[PDB]
Amino acid sequence: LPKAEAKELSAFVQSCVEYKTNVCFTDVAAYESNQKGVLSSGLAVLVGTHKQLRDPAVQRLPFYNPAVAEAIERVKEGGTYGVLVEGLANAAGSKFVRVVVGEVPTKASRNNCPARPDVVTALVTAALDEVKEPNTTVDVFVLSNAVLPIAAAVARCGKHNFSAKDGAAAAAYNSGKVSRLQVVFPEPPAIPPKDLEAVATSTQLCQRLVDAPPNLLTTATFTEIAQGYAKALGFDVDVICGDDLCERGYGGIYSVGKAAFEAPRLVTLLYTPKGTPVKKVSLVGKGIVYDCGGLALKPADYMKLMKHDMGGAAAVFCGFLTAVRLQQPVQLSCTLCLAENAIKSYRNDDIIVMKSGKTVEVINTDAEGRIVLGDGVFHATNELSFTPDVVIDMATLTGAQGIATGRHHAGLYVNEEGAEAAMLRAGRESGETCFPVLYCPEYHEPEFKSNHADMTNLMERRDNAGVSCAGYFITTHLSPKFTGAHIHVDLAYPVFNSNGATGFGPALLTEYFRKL
Amino acid sequence: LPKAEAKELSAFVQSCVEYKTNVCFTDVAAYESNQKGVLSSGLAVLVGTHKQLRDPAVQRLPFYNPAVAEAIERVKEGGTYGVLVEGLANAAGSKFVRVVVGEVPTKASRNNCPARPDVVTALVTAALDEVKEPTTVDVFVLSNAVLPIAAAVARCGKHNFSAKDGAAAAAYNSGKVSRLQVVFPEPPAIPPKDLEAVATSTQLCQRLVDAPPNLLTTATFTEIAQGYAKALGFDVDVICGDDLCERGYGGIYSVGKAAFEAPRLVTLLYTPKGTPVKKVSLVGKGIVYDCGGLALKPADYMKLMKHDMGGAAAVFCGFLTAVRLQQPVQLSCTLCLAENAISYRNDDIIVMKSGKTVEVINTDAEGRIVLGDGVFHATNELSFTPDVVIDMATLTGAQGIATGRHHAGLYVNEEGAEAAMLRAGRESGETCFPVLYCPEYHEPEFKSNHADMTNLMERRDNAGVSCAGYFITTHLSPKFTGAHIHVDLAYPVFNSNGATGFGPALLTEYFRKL
Amino acid sequence: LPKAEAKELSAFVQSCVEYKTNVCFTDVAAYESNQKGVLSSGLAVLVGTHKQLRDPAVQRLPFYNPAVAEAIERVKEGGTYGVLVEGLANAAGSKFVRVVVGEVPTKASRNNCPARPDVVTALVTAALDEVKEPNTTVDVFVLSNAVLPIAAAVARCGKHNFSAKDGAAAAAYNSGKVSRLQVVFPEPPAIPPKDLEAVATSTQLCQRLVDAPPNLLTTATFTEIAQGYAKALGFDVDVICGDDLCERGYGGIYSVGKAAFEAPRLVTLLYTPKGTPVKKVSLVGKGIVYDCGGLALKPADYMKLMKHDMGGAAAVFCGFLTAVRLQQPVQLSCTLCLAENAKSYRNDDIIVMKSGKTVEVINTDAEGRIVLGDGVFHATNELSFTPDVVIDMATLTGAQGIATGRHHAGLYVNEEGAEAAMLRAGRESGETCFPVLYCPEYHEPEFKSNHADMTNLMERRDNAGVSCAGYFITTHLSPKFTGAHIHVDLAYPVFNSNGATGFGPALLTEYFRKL
Amino acid sequence: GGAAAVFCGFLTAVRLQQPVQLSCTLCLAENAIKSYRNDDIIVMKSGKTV
Ligand SMILES: [Mn+2]
Ligand SMILES: [Mn+2]
Ligand SMILES: [Mn+2]
Ligand SMILES: [Mn+2]
Ligand SMILES: [Mn+2]
Ligand code: NA
Ligand code: NA
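Chains as they are written, first to last, in the numbering used here: chain A, 1 to 516; chain B, 517 to 1030; chain C, 1031 to 1545; chain D, 1546 to 1595.
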């Protein structure tokens, strides 16, 4: 590459490797003792349910006055209402302090998170529009004690840490428009503040990785980022790259990424805790650049979904980091299936020899993301120093996921009922919600029928459980060594919203591991 | 209107009202006692799993010989293998007796019926190709799952509805359909007469859905409903034409006001003897020439339009089975019947019976509009208030993408009622799978500038099956606070050979466990 | 026609005929002397530019305090910033009064209104979201003196008077969510408050007509509404209806509307002022129900645009009403081309237009310009006078949005003088326009037909789409007519995300004022 | 085009008095008014169903 590009990519790698969260955590009493009632800046936020906002505990808060009381009355459900308070002592020394009240709904269905962190994100995002200075800290008083989903929700909200606006490209694409946020819980949090910072950091790193454009986050830079963390946090990293993938039988990931300027890479990270592990889990993530397609939606729609194609790789990677930082008692592998699908007719009707030994007929070159997951899955369940009890693969795979489970619920295709319930619980507890997709291999297998290969890479009929079939394809490349629960997570839509990446995935994994 | 057309419709109405099944049920012991070794015809079918076929009880069957044993060893999983038995005694007097062996798979997921009735149907269909004189064919099933097998055999082979080879003159009744005698290993847990009733309702549903829209119209459906009401002795209420407008049913009225035949809200009522175990209301979509959406291409919806009566046919035949078996459930069945015929009505704001207003941003999606009126009717205008409201419809193309060709999508507000219906699907073979229930996220998709709601979700890729179901739930009566079960059966209602008769058996099995 | 629908339609007709604006107008000095520092309710709005908000006069306003001064400092350009004032006197008896400051940008191009009423509407729309009770009066303090565009802008904003939400259907689709608005100018207004009320009423009446669905605003009901205003305001009405259109030679409008349940109608309204008219002007409006189509956009796009296809007829109708109410010195006719169109049917038909020229119908979707052909000939050949200017307004093409955008109506006009006049009317009224290419030499060949005088649609869509649609209409002008013809394509400016904008009437009003 | 060609060919045979016994059947109908009559089964004059 040119010297200017190489310098830029190195700077971007460093910004991801050294990324630290803007969010910190505390509780009302500690805040009272540490900050002596003085607000951090000229902006404060109060978020809670209709009931919680009227609790007497609110009246004892430092910023409370009759004006704030009226704001609580005038605010709409799922909306904000801002009021000024003159002569309220703050660190910035502002003559006024803006207090914004946000009402969270209590309505929540049996498939959602009761604390409704989706609305908490929206409320705080709206409130941060009234931020004055870029160097200030905003106190976010939350009236809920669900520390994990709120930690993720606040990490998710506001201006994104990734930005190319207003000369931020000269500062390694670190946004200067992000405000520091201090979340203040009522009670001391059940999960320690430092652990919550780690969760918040992973949500925002995941967001950065998915927001980053494909000319910054490439197969090479992602690999370098993974290697950077391995050195810093002290975990093992293994990289099977380029022609070595072909030599060693990884025909799927090789075939998909062989046309690119940068070689395809199967990067596997290993974490083994001190003492006896509670479970042995393997993570596999789809991280294919310029790769998004299918038959369920129009071609123009898949170009919009291509924007967030690293969502799977980012989710498993950041979930892995949190496990290492929290020192969770789980033996963990994380395999990043990284390739750049460069240069429609090319590779069409190719027959590839997968690492599993099974042959795949490429009937559609747009659907070359489940192929790399096939190699990733076999590698995890066959080629590692341990055999996992559970395999979790995450990928922004199908447009059918949106039609099936929607914008907020990732699709779960899983072989065992118990594993499904566990992950569903983790979604409701974390706020990164999921919903099951049809598991029935008898009806999925015939859709991949091939005249000359063992299978095709795409279902014949699009209207026959679209999410499920993509999941099934991946399961056919599981190793016979594996006898445990396979969880396929299709997160094509939950990985983003109108403002960009959401950092969906890592907190779901963190909560899943806590209950193992 | 013409005499020739009017006479044809009357003959078709009689064929559906007087429909009798071609299937009967018995067991191996009762079979040997009544027939004493003589087979009913020159064709016999043996269907079972790999283990079941090698059971010692198989070699003690009338038709068994060394050739049949070789069939059991040569047959492939999910395939058939035929052999002749020379000089075998049979009532038809055939020189040979063809024995077709079919192997059923044992593999079945936690969302599928363990007996795999889908393959049973496929096996028996392939075996009936070698029929000589379309004669009663003996089908020996090695499974004891009587209810799903009853439905499985009822839907297999040649369909009773036909317009081939001069069948139009004989009220579209097929002469190619062979009689079938299913022989279970042991005496069935459900009476043979009850199994026959389930088979009949499956085939009547098949007949109604197979029937083209120029035979099964809004008028002929109601006449068929009135026929069974007179025969079986149950009440029937019909709100027809402009009476729907005056009485506030703007949804179903607006949809069918353009048609030659008027729209009809046909409510049937069945109350059993004594205390009913539950009060259940059925609501079915029966709109003629009405199929559309945004998830699939326009050409795809034209193919799905052929089976638009599936929702109405499913609830109607399930109601009939409950009356014939005398199931202890207070039952109502509202048929939302209309013909969407003749840009028209685009951006119309109609006042629904619930009082809520609907902006028609898409005229193709008007199936959920009539269901809204039917749902409010069942939950507000009946003499009783139901505990469970079940609506069934061939509603969305998104259903196929979500749950597939074999599983009806379930959008239901209570977890208990969902698990019940899912169990009913696995027990009966007419399988289902749940679709996301989350009204918080479905409501914003129907936002409207001038009306209370639109009739179609703004974004196509945000739980399409769920949203279409949510719309219907907004028109539930405030009086109702029980379980609502929306069943999207757009795809399971048909296959390559036509209608499946999906729905009735699922309801029956659901009613049996209440 | 069932009795339920008949009663519904009659109730809707009355609601349009008897419509009264929620807005009234006054000024600071008059407001003080009549209300004495007691606000009308618990919400007040302050809308002005950065400079205007920092004018010394702002400190002297009744609601001003250091919290409001801070709101002026923190608010963003084009945004709002709300603050509570405790114990401020107000007639609603609210313990706190909410003051919402909104900043209007000064940036305005040579083709836009300097007052930026587009933002004013948005600011006041945002401010009204924080309303507690709907049955109150909100004081709206504007720091601008451009009274006409502000009047139209404020009439435009907030909840629409038409609604079918929450039982509004039982009250003739009159919204119960609309708040009364008292606009308070700095100086006494150059245009009388009652005249501004009339302009506001027309904007909102136009909004109601376009918002109204096609099952309520039909060809019969619009006609009944026009008749109702004729009786009340005292102007003449002529209605050529049904088979009479065919017999009298109006083959265009007849062919388009003959298939429908309700018959097509050519409604013409005449207004003659007292004394010498400054100009004789004829208005023509497209009001075709279920009719929207073309080749420039996808079929799905035209279905969305179809919701506002009464915008042309509504614009001219309400522009006519304002002329009658303000008694503007302009002899005025207003021809409403009304019909219901309800793809293969009538394709390749050759219809004999009222002008005598034959039209081949190559595309059945584009028959809005056909009804305008008859309307334009009627106005220029069949009336008791001969107009000096002919103005036709229609939501005609999707190309209009591609050409001139969502905020500027496309102008196709033969004389540069009448073009410049209408452009000035747009910039002054705020209902902006922009010229589309006038060049008949290059538009004529696109309508070449084998057997008719012309086709109804251009052969090549990428050859000035807005212009060619306008050219088609000019071919059916009477040979008697030798004046200026102004074709206004307002396909997009007639609506926004919230619904109808009521675009059109205020442009006509301001156009007449400078004749 | 089809009905016109057959009709005008007939007229030429009648005017020229060509030595061919000729019948001319014009299948005339106005197709109004896409979903309408979709999946209908019709009994043709031949007795076969379509
Ligand atoms: Mn969203
Ligand atoms: Mn969004
Ligand atoms: Mn199938
Ligand atoms: Mn099939
Ligand atoms: Mn806009
Ligand atoms: Na300050
Ligand atoms: Na009761």
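Hints are computed from structural coordinates only; laboratory data are not their basis. Treat the hints with care, as some may be off.
As the list claims (entries may be wrong) - Calculated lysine-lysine pairs in the PhoX-like style (CA-CA distance at most 20 Å, straight line):
no., chain 1, residue 1, chain 2, residue 2
1, C, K1195, B, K963
2, A, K76, C, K1310
3, B, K680, B, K822
4, A, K280, A, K481
5, C, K1106, A, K95
6, D, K1593, B, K680
7, B, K519, D, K1579
8, A, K298, B, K623
9, C, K1334, B, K813
10, A, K159, C, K1106
11, B, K872, C, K1195
12, C, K1334, A, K76
13, C, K1189, B, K872
14, A, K76, C, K1510
15, B, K813, D, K1579
16, D, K1579, B, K692
17, A, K107, B, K963
18, B, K963, C, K1189
19, C, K1162, C, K1310
20, A, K449, B, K648
21, B, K963, C, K1334
22, B, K648, B, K592
23, D, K1593, C, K1373
24, D, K1579, B, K819
25, B, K680, D, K1590
26, A, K76, C, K1373
27, A, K298, C, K1328
Q) Hey, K1593(D) versus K1373(C), does the alpha-carbon distance stay inside 20 Å? A) Status violated; Cα separation ~31 Å.
Q. Within a Cα-Cα threshold of 20 Å, do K449(A) and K648(B) meet the stated pairing?
A. violated, 34 Å
**Q.** Hint consistency between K963(B) and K1189(C) [alpha-carbon to alpha-carbon, up to 20 Å]
**A.** It holds: about 15 Å lies between the C-alpha atoms, which stays within 20 Å.
Q) Is the Cα-Cα distance between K298(A) and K623(B) 20 Å or less? A) violated, 36 Å
(Q) Hint check: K872(B) vs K1195(C), CA-CA at most 20 Å. Holds or violated? (A) holds, 7 Å
**Q.** Hinted pair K76(A) and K1510(C), Cα distance within 20 Å
**A.** violated, 62 Å
Q: Assess, step by step, whether the Cα of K76(A) is no farther than 20 Å from the Cα of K1373(C), and give holds or violated.
A: violated, 47 Å
Q. Regarding the pair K1106(C) and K95(A), is the alpha-carbon distance no greater than 20 Å?
A. holds, 19 Å
Q | Pairwise hint evaluation, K963(B) against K107(A), where the allowed Cα distance is 20 Å at most | A | Measuring from Cα to Cα gives roughly 18 Å; hence the hint holds.
Q. Between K648(B) and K592(B), does the CA-CA distance stay at or below 20 Å?
A. Measuring from Cα to Cα gives roughly 24 Å; hence the hint is violated.
Q) Is the hinted pair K298(A) and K1328(C) satisfied, with a Cα-Cα distance of at most 20 Å? A) Satisfied, since the Cα-Cα distance of roughly 14 Å is no more than 20 Å.
**Q.** Hint consistency between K963(B) and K1334(C) [alpha-carbon to alpha-carbon, up to 20 Å]
**A.** holds, 15 Å
The structure shown violates the earlier hints numbered 2, 7, 8, 12, 14, 16, 19, 20, 22, 23, 26.
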